Amino acid sequence: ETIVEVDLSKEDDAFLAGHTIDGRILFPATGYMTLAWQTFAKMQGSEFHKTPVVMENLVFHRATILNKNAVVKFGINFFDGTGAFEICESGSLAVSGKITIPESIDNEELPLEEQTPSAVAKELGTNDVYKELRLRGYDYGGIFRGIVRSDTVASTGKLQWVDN
Amino acid sequence: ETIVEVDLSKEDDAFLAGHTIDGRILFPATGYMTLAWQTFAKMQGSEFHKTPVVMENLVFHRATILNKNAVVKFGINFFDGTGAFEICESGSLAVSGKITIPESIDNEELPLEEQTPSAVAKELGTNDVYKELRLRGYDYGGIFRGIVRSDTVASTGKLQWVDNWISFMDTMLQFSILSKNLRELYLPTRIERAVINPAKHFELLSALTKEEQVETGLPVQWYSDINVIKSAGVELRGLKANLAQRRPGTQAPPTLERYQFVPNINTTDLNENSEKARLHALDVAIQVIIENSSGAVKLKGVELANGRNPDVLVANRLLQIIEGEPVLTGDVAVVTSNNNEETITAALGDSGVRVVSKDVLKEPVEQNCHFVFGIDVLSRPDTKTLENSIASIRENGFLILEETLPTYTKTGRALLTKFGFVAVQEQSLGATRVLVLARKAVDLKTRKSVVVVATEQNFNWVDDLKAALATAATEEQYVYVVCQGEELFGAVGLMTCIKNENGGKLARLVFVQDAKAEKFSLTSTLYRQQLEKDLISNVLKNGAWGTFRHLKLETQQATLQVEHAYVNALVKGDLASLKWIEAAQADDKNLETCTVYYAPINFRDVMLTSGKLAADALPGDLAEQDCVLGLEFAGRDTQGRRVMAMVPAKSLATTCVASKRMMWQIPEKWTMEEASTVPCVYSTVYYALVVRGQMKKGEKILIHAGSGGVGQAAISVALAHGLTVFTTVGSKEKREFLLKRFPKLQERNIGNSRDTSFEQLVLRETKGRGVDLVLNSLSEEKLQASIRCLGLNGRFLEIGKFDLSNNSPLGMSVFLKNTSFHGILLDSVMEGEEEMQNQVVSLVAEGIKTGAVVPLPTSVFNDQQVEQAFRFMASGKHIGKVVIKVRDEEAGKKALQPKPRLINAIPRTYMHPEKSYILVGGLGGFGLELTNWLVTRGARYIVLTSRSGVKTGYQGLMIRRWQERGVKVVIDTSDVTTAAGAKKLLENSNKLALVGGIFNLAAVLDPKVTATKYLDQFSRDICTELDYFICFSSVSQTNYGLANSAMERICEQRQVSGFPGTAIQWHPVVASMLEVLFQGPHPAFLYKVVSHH
Amino acid sequence: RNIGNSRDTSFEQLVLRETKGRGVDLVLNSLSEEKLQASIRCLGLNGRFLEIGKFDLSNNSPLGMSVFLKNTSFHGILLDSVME
Ligand SMILES: [Br-]
Ligand SMILES: [Br-]
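Chains as they are written, first to last, in the entry's author numbering: chain A, 893 to 1056; chain B, 893 to 1479, 1485 to 1902, 1920 to 1950, 1958 to 1987, 2030 to 2056; chain C, 1645 to 1728.
Because the hints were derived from the structure by calculation, they are not lab data.
Nothing false has been slipped in among the hints.
Straight-line Cα separation of at most 27 Å, DSSO-like style, residue types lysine-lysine; simulated pairs:
1. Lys1050/B <-> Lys1132/B
2. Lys1641/B <-> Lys1629/B
3. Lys1714/B <-> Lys1714/C
4. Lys1714/C <-> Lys1072/B
5. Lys990/B <-> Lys1679/C
6. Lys990/A <-> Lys1679/B
7. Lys990/A <-> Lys990/B
8. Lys1698/C <-> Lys1714/B
9. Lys1698/C <-> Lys990/B
10. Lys965/B <-> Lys990/A
11. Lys1714/C <-> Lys1593/B
12. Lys1132/B <-> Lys990/B
13. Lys1679/C <-> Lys1132/B
Now the stretches of chain C that chain B is said to cover, found in silico as 3 or more residues with beta-carbon under 8 Å:
14. 1681 to 1691
15. 1704 to 1716
The C-beta atom is built at its ideal place from N, Cα and C for all residues, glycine as well.
Start from the sequences and build out the full structure, keeping to the hints where you can.
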């Protein structure tokens, strides 16, 4: 298996503290997806930002809690045969699923056009959005506060991009 | 991942060659398990023989074939999280499953006690077991032949131990396959659980000697109720095996050649067809030459081709006849005087006939030939062509000359006489043409000779001949064997018997049927001209000298007009094999024999024919049956009523027996063509949507494959009940057809079946709600997508087979929605209870009047276009039902008794189900397989004569199988060689059931002669319903040859006196030969079997 | 003879032995995981499995669709669905 270490004391992984849920840091589901994505490109030979993929049947078996120091090791493994992967943290399965490099990445997408924003009520600002979420228990911080705008029903909106 | 390389060139992996399946080495399923077991223990730190494990959900996705060199790399990987593992070989998945080291290996096993061995029939020995398996396709060898013992049903047995887990665990799988009733090739697909306990294994082995471990072995158990194979430390639960594809064997079927008397001077064409007649003439000619070339291993010949088309030359055919003869090769060349070598060479092709360049005028074409073929050689103005042809053959060589009859008569014979040649044979080639075989004569006066009596009154005449043959060489003389008016001496057999004797080249057979004829004498005018030809075989029959020659039969695939027939796919891979076959006649209950007019093809017929679907899947005992095609039909009742029906099989025939419960009387304004489309698709639709699914008005249903047979029927009924319908289609044209054909079908509701797009469409149109029912025939990603279309309280109706067969995984989250998943097999209905059958037909019955049941569009094909019919449905461009027009419907569409018809089908002879069949030496290898074949052809009373009785477990096995199939088997252990014994056998057998056939077997391994002689004699009086009297044997010991000669004469004599009699002269081969023999009439008294295996 | 143990998978053997491989016509199941898969194997031809548990449903456990070759039915049963 491939071992991947993330340390929130380190500059590259520090942002993860922003994904705080109910007063504790949780390794985000999308964190696992990225780690699985990245390493998969590594063994395939390419750079992950140049490598399109299709993940299937993703299962997040449990939440991963980190402290402030948060030096945590993730173990990743892939089956050449089916593309099935598994990520284990602290001696127990965390996430499982399937990953494949498609024939045509464009054909794997859906023919969807943008929706017309809802005009039933005023649109939400970044502060409106995360005020709502805070009340639900989500304590997002830093770059994880990336919803700049959303319509009243959250059918359409905008997300910022910080190369992450 | 861990890479493991196995090389059969190395000593450690060499044994794997023993696991040969269907003529190829396969990496055993148990091989994979061992690899997974070993490597897994290694990384855990332990030794694998010290490490107990539990494997689960083993799947063997594909077979691994190895060559001789066989360098193959296996890649293994393990998940720390779940314990799932995978084995890859050539960049593709091979095996998958789960493996874990248990807390307590003892706790993981089942507390099972040994079973009491079955005593229903004799137990099987190691040789019995693997004889059985060989017939199925398993070619096990070496240590993989580890089944020392098994009971007749394979419930208990023993396996040897040679310190090899792969072989040992494999024999456990072999053992499980034994118990399977169908005798076909099975390969492992899945194993639910495999418990391996090494500690327990070796402490059990310690109780055995290294010899006992090999000679006696370990107990193996098969518990059919719980599905477990248990032996020592290995415990296997939930084994699943699937029927595997058999390689298209390179064994051509055997041909039959009939013997007959051919006069040297034959003015009758050997065949009706002039072209075939000529070929036979050439065949006879070469035969005579071979017969008179002493012990020649090579036969040299040439063909003169001056002024002829390169295509019409016969050289290839000649070499083909020569090469055909066993242990004989030919040197055939084409001689050309017109120096057009390049042109000629191309015409011959890949035959291997060389070409020589010489001008036949003034010079010899070649030296020491056995024969020279030419056309119009005696016609030519100059004799130079003839002269150099004579100089080209060896002294005793022949000339094959095709001539025009008028010319050959007025000058042709004189020219041969002029050059000292005699016409050995003259065969007509129609009128105006003749084939002449010429040879230099020999002088009977100048050469020393002695005569041998060869009569039955002198028992020692064989020694007289042998003594004469040895003396002949020394004394420089020729021996004339004279056999005048003698019984039990067939000319063909006796000739062969002489030829193979030491110094046999010096013998000449003079065979005279009529006992009233001039005594043998070189001087007699009758004999002199004939014996001056110096032929080794001379047969006098009705005043004419001749020989017995074997002619190639024309019917490899001949078609006779029969009254009853069915369609069969002879070889599954090729659909061209679809042909009509003559059916057996009928000898009740709630059954009705109907006349078939229209028989539709359904996907099940296509799948079966193509091989995508195995035979074991077929409901009931159809895997055994030959006639299985045809699921439904429209036709006429026993009383001429217009009827449409549904059956499990056998509707694709001129007649079908249908169940009254599953029949509808065709309504008016329905053509039989139309009606034929209704039974299956609508019975399916109603059993799925109404019975199982319980669809209600106003509900939403997703019908996949809208413009298909089941789809169209589904859409019609659904819309009739008032449901909102969503569908999918394969193409633009299919879309257009549905829209125009149905009441309120919304374009918004038609998706695409080629992809998963329909998921978005349905969810969009249902605003995320989904539908209440799904009728699915799609598979894989399209199935899971269809699942996502299911709304609250939904009910999934599967009518496909792929994912079910493959045991695909189904996400059980769908069931949170209070849903139901329904596996729907219509076959289970017909195979199942009665009330369900009566309900579904009621639904269909009620539906027709309502108008919900509409006949489908038809793509009709006649009885000759069955191939095109199948290929057309396979393509998938068709809309509606594909129907075969067996009979044109009578005008008026009213009830009417049918006119008789005949259909061209391959003829086939079946046994009589109320007659007995005696097989002398019936328990030998040949006998057993012959008996089996007779049983499959309808024989239900079998008598086997055996002095020793049942000796092998295999024998007891076959008898058990025949008796279970309802066959009466009698083992007669009495001495049949005597007259009283033969008489008794026939009288007892006849009282059991009237004897229909007697089969004499000298092939198993004189008394051979005397039994046949007496059986022949007394059967004439006793067996008044005997249809067959057949004697099997091989060609050419001197006493065996004489036994053949005797059997030949017996059968000939029988026919003379108006009795059946056939001598057959030469275990997959037996069945193949028997099929040909009984494929149509075969009335000749002697046949030659040519093997092409 | 007809009372098995819910703590292990042994009830599979007991049932198949008593039904001689036929299985049962219905299964009312509240067990999960390896005991669920074992209960499936107890399902006979035309059988009808009746699930009232939630683990495998919530966890989206995989179900081998081979069982449906036997012309069977799997029923997700939520009483709540009735009242709502
Ligand atoms: Br998360
Ligand atoms: Br295998």
